[PDB]
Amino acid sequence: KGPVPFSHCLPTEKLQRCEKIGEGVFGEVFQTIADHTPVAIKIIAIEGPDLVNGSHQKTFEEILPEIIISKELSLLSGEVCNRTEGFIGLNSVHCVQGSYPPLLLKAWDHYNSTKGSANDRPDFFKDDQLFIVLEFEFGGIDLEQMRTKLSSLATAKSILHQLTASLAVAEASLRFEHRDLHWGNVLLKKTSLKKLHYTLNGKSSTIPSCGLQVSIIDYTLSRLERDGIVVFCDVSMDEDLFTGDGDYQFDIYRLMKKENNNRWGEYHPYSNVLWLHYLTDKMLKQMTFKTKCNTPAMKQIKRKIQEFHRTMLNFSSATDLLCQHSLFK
C-alpha cells in the first residue's frame, strides 16, 4: 500500500536479537531469530541524495532487477523439471521508511569494535529515508571466511558439485549467469542431510553433502530471462570493473567481456564456467584443509580436482560440466 516502519519487519523481539554479520557498499546485513529460526536481514538505503559508504543510493528501478532475480532463483526450490535449493531462499521484501533503528546501530557498533567496518555508521538518515529490507534464509558463513575451516578436499569436491548443479539448473530454467561468483558470494552452513537433491530437465540426482549446504548469493551483476524478457546489469560502459589487479577474480571480469563482445544482454553461459574455474583455483591454491590428502583415496580426489582445473575451461556451460565432466561421475 505504501512504505512500512522498520518495526513492521523487525518487531521489538526480532530487533533486539539482531547481530551484524556482514556489509558492503550496499549497506548492512544482520542475523536475527524468528520462530526459533535464524534469518538474514539485508538493509539497503534507496532513492535519497546522500552518499552512503561513498556511493550514491540506488533508485527503486535500479534495485528491482536484483530483487526479481533473487525471487526467481529462490523459487527453483519448488519447481519440478528444474529444481535446486542451492540459491539463497528469499522469505520477504519490504520497503521501509524511517531513521535507522537505534538497536541496529548498537549491533553495528559491536561489529565495528570487534571486526572493524569499511562503512559509514548509519546514523545520519532522516525520518523520510526509504530502504529496501530483504529477509533471506540464513546461509551461514562465506567461503573466503572458511579458508582455514573446512575438513578436506572431499568437502571442496562437494562444494564444487553443489555450485555446478545449481548453476546448471538455473541455466536450464532461466538462462542464468551469475557473473560475480567470487568466494565472498558462496555461503556454507551445516546440514544433517547426507545427500542433497536436484532435478535438471526432468532428471533427478543427488550430491553427497559432506555435512555442508551451499547457498549462492548476490545478484547485482546477474542476468536471466523468462519468455524472452531479459533482466541484466548493463556494464558495457563501466571502466573500473575491468581494470582490477592482484587476484584471478579481476581477470574473470575481463574474460567475460572477451566472451560476450561487451554485449551484456546476450546469453553466454561460459561465464558460469569461468567463475567455477576461479572457485576451483581458490580451492587448490588458497584454501587450507584440516585433514590433508594422506591416503590413496584422498590423493585421488586431489588429482581429480586438479584435472577439473586443467580441463573445465573447455566446457561451454555449467550444464555441460555437470552432465559430461568426469569429476561428477
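Numbering follows the first chain given and starts at 1. In this text, rigid core is short for the largest set of C-alphas that superpose within 1.5 Å between two forms. What changes on going to the form deposited in another entry:
Comparing the two forms between these two forms on the rigid core, the single residue of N91, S99, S236, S204 with a CA shift of 2 Å or greater is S236. Annotation for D247: C-alpha shift of 2 angstroms or more between these two forms, rigid core superposed.
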The other form holds:
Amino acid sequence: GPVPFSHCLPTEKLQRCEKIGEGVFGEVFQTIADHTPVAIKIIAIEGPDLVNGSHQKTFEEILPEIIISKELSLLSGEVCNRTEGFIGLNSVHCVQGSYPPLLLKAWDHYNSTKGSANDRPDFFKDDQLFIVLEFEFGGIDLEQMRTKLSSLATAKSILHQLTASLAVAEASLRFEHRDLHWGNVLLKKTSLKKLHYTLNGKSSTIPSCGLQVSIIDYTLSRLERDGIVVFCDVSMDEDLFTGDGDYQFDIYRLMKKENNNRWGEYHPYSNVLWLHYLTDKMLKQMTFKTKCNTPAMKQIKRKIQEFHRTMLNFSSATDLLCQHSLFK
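Would you mind giving the form deposited in another entry, to go alongside the form deposited in one PDB entry above?
Nothing else is written out below except the one chain.
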C-alpha cells in the first residue's frame, strides 16, 4: 500500500526543498537527505483531475521510467559495460496525500522567479496517489551552464563523455534516450583528471576538464533486456511532433521519420540525432570564458565543427565513439 508524504519528506527534508524544474508529468525538487544532496521527482498518478493540460498517468504508464532509471543506475557498478555517465536512483515510493504546503511554498518561489508552465498543484485531495523518485544529485544542467564553461576543450570533453555513456548503454541495454535536450545533461565539478568507462570489456579514459557529465530524465527512453522492451509509446502523440523555435523540436520529428512511428523498435540513430542537437548548442548558444584565439583552441573548434557536419552519417553512439576522428 502507499505511504504518507511524511515517509519520504519528513519535516527537515521538506523545509530544505527547492523547486528546480518541471514537466507536464512532474515537479522536481532538490533537497538534502542525511547531509547529502538529492533530486526528487514527484508525479501524480491514477486520479481524475486534469493536471498541466493532461489526464494523469496510470501506475502502469510510469513503470517504464522507473525500470529504465533502475537499469541505468546499475551501470556505474557493472564491469563489461560500465559508466558513471547516467545518474543513481536511490528510491521509488508510492505516496498518498494532498500536496504538502511546504512544497507549495517552494513551487510558488519558482513561479515567482523563473515562471511556471504548470498548474499550482494545490487541488489534490488526501487520497491522491503520487510516485516519488529520489535521484542522486547530478549537478547543474548544461543550459544553466551555457555561459559558465571554460572553453571549447571543455565542450569536447562533454561531447566525448555523452557519446561514451550512450555507447555503453546501447551495448548493454539497446538504449535510446529520446529526449536528450540540454536540460537533461548535468555537469558536476570533479577533481578527477580522467574519467573511466568500459565498453564491451575494453576500458578507456576521457580527460574530464574538471567536469563529470550525467545524462538524466528517462521519461521518453527505451531499452530492452532478454527481448523484453520497455519504452514510452508516443505513436498517438500529436503535440510532441509539432513544436518549433528550437532544433530540439525537429529532433522529435526526425526520430519519428527514422523509426516510422514504431517506438518499440531499436533505432540508436536517435542517440546520434540528440548528440547532433547538443553539438549545435555548443557551437551556437554557449559563451566561454576563454575564446578560441590560440592555435590549440582554434584546432579544437575546427574538430567540433567537422564532428557537427559528419556525425549524422553514423549509425549509433557506439559507431561515433569507436569510429569518429574527434575521439582519436
